[PDB]
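Encoded as structure tokens, the structure appears first; notes follow it.
Yeah, one chain of the complex is gone here, protein chain that is, but the others are all in their spots.
A, B, C, D and E label the chains in the order they appear, each numbered from 1.
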Amino acid sequence: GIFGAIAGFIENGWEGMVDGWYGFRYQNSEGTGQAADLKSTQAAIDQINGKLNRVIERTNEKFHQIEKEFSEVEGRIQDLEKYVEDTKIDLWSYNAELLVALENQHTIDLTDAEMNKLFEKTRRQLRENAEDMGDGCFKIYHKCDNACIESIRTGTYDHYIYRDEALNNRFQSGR
Amino acid sequence: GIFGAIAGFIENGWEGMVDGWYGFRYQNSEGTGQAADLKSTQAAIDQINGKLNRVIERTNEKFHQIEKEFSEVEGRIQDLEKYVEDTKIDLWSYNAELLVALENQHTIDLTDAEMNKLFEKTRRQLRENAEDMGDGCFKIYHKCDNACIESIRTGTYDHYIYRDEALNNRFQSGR
Amino acid sequence: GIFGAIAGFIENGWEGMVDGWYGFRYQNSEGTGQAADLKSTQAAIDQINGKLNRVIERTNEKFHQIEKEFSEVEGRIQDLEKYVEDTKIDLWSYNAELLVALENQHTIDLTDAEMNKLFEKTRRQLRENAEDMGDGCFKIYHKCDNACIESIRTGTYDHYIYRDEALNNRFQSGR
Amino acid sequence: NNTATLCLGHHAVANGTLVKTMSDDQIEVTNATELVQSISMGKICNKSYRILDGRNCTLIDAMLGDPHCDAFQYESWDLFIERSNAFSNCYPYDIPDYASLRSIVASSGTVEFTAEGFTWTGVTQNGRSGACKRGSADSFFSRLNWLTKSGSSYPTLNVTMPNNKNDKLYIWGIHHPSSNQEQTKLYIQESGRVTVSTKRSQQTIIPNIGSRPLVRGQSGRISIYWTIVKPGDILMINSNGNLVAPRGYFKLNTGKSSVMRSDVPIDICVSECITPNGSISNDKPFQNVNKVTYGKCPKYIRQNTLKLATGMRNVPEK
Amino acid sequence: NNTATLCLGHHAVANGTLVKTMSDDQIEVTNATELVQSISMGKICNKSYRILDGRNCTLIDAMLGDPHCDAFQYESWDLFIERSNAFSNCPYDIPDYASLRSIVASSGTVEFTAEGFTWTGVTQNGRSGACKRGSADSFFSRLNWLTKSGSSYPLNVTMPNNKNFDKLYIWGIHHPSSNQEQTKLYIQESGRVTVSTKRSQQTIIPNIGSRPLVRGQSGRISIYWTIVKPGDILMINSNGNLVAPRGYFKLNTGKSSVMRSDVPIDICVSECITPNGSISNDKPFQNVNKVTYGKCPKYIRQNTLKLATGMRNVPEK
Partner (left out) sequence: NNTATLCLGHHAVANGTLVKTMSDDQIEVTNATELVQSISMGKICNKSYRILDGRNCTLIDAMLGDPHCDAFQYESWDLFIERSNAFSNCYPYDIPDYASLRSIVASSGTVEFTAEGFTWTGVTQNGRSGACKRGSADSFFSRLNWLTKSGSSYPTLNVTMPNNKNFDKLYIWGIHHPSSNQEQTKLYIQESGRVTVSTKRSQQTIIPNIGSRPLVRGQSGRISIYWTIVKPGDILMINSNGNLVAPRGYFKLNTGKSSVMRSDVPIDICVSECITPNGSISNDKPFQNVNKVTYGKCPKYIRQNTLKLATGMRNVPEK
């Protein structure tokens, strides 16, 4: 994908995540855990559902038309009837091919986009207190329980409360 | 959209910005202020202008064609004339519907892109002297007057000049 | 394009890179140098090769059709024969115009994306040890010889090894 | 510890599926759906639309009144099914522009007939033939009236018929005899003629005498022509011999009606789209079953499979 | 303060409008434009194109020379407007009427050039009470009804095409009502018309019989055409029933056509015409009518399509 998240900086998918399409795994003082992010999952699915109804109108009713199969050889008018159908089928055949490729591209690209957006959303919350590992993982520089992780996932995490603790832990170092 | 700037980390649009499409609001030692960014505004406008002309050739003169209404029942030939016209109208109808969806998706994505590009542009100048607030806002850790704000949105800002002041303000805390 | 890398924060292309499509230039304790990144280059080429074969199926064998040029004027039947052919040509001509605008937009966007993807990849490796100069360039706050730089290009670079050294060089300053 | 590690990710499935994009020929996604209907139902569903099984009868024969088609006498349809083992079993005929009249009748959607009191003074009516058996006896098309000389006369027939209704379709014909001896024997005059006219149009057909290959023991032929009389207009028929006369008219409807060639059986099910291969499902935008369709149908295309991705790229473990 | 804040953003409007994308059925943008013309001007504009109001006359009647269509005698057009009130007033049929109409429509003129045909032994200028010019019996002005002169009806007349263009010859045959009428008008019991060139021929036989009275007449005339190529010659052979041509029509290659409409012509300017009247030109698509002439938008099924000309509109809480 164009964002390089899915099959990019995020190495692989999680088969053990069945509650949603995008989500979280974490390790802290209360062990490890997993949670889905429903807002991201919904944003993807809403775009994917009815995808085709935006382009193709509900199947057309059609009744009497032209003859498309012939038992006798007639010359001129049969040539015309044949050519018209040939032209129609080929133009729709093209439409269908293009549409599939166009929409599939769109799908790959928007799903990849949502992964990146959730990552970015999380990064902006953590401010100075965390570290992007490139794994798609954050290293948080303070004790963060399940109530604390929960607050990140909802978007209520106040970074000022841990800033001092995070600065201590981060700057422990120097040669 | 895909970048999640418009209706994303930037919470809403400004109804009181009439100079441009994209821009800045700021609070400093001289109060509050507003200024549009013209390159972004133009970058987007230039892509939206004559959008349709890049795909559909300027409408062409047609003259004597076929008959499309009939006041007599005829059979073979009239079936053909009706089918041909019906085939045509459905194909152009498909075209019109697909084109509008494509172009509008393009418009939404490119306008979101412009917002995001401007954000990144602004970020890259501030370096360590500032802090992404996640709001689409920057916390600048030094006294920055109107001329200094102008310095940022003209892209003539020198971060080295304010680096030492910025570090002092930034690392005041930790407990 | 949409990522603002090519003709964006990266000032211009390198005419002196015949080696690949994307890559690195560097100055260190062993002089200056240049190398291409083959993974990015290949990723772009793979999307651009056979691009048209994904949409428009290979040219098809067609034999006897309708007459498309006439000596005598005839009226009704010839009117129809011309209209059919006129209709077909206008519709293919539209498909072609749209397809070229479409594929070209895609080609600009994906090549722009690969540049951004490589920058981001490099940024995520260097962690705190480096600075985004806003140039497409990284200020690496430690002694990095050719082997050290290759480890960045291979993606084997361990930031922990150099962290202590980087913190010293970085925080030499303050007023 | 004194720190935490929070990782972001996405889901994946065990067995994923391949789709095509603008970037890749083949790429694995978590889930996709078929967009091309390639399987039919094997039969024609009798429900939703009104289906009339033609059985042994062509539409044209059902409307002419071929004896073995008498069961179709009062019938109307949304779709008339013509079977390939249908046959004619009446007097040998030809219709110049057969294809167009078949289309007109098909579109009207009925062979229901309305008798009119034509007076044929000086000629004998209800001409019969051994080629056209009504179960056992010699007969003729029910909707056609074969006129011959009465006693020893065939007066120039001059009959009229106004259209006071708010379009009537008239079917009629001319008989081509086999020899000159036959021509005079049946309609005194050595040369016949039929002129059917209205205020706005006219047609004249001269009969052609000669031997033609025996069909059900007959070498003569009937030629069938049609006329459309508008409201306020008036049908006129002038003839001095050889007239195969109309018995009334067919009402012309603007309809959703058509005709289809198929040998697939008719069965009890529900569908909204019919092809020569029987009914098809309706839920996909495209279809590869047959270019010949009737009803609410997916667009016919050359390709037999097209997969629309409905999930993100599938990236399995390692 | 000792610090500063700088926030980035984009504009919004109060008058937002909904469009369709690939991602959403309906999303608000700051601005959109209509791509489908659905409003007509309500009238046909006289300017840009040369419009001929047919009034009481069909194109065919006007070229045949039906007396009440005399005013069209010399007329040319870009577009000929056929009204539904139009009536015939001279009774005929034309096999392949639609084609001849098409050929003439496309040629864009009913301007006629008289030639000196010589018809030895027959009487010319047949008239009829079915075709009144002013007060007296008359006939199609472009056709010449030939009958018995004295007690005989001999015809083998030639006419070469020495010009550098095609000539269109309109001729006919008369179908009388009774055997009595045939011999009275043209001695021979059975007549014929053989119109030929070096490359083609047509023979028509008159069909005798009673038809319904049209304007007091039970007889009919059937009409036919022949195109003569440069260097070719027109030959007309007949021993009865011929409705002779009086000259030729010049076949043009032009932008000319014909259209059925009951909408009025008015002082106005547009580049596209429909049976509903002229329509505006600025939009790519149009839903007014599939029948068009000129520089027209493409006709489609949908009556509205909205092209986004601004970003996503995000007003405050």
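Rule of thumb we're sticking to: a contact is a pair of C-beta atoms (placed from the backbone, for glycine too) under 8 Å apart; a residue touches a chain by one contact, two chains touch by 3 or more.
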By the document's definition of touch, the residue of C:60, C:154 or C:156 touching the omitted chain is C:60
Using the document's definition of touch, tell me which of D:210, D:232 or D:265 contacts the absent chain.
D:210
Could you list which residues of chain C touch the chain missing from the display?
1, 6-7, 10, 12-15, 17-18, 20-29, 44, 48, 51-52, 56, 59-65, 67-69, 85, 89-90, 92-93, 96-97, 100-105, 107-108, 111-112, 115, 118-119, 122, 130, 133, 135-144, 148-149, 152, 169
Positions on chain E where the hidden chain makes contact
156, 192, 194, 196-201, 203, 205, 232-233, 235, 237
Please identify, in ascending order, the residues of chain D that touch the omitted chain?
92, 94, 176, 208, 210-213, 215, 221
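As a working rule, only the chains that are shown with their structure count from here on.
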Roughly how far is chain B from chain D, going centre to centre by Cα mean, in whole Å?
57
Enumerate the residues of chain C that touch no fewer than two other chains.
3, 54-55, 76-77, 79-80, 84, 87, 91, 102, 106, 110
Note the residues in chain E that touch 2 or more other chains, in rising order.
20-23, 98, 102, 106, 301
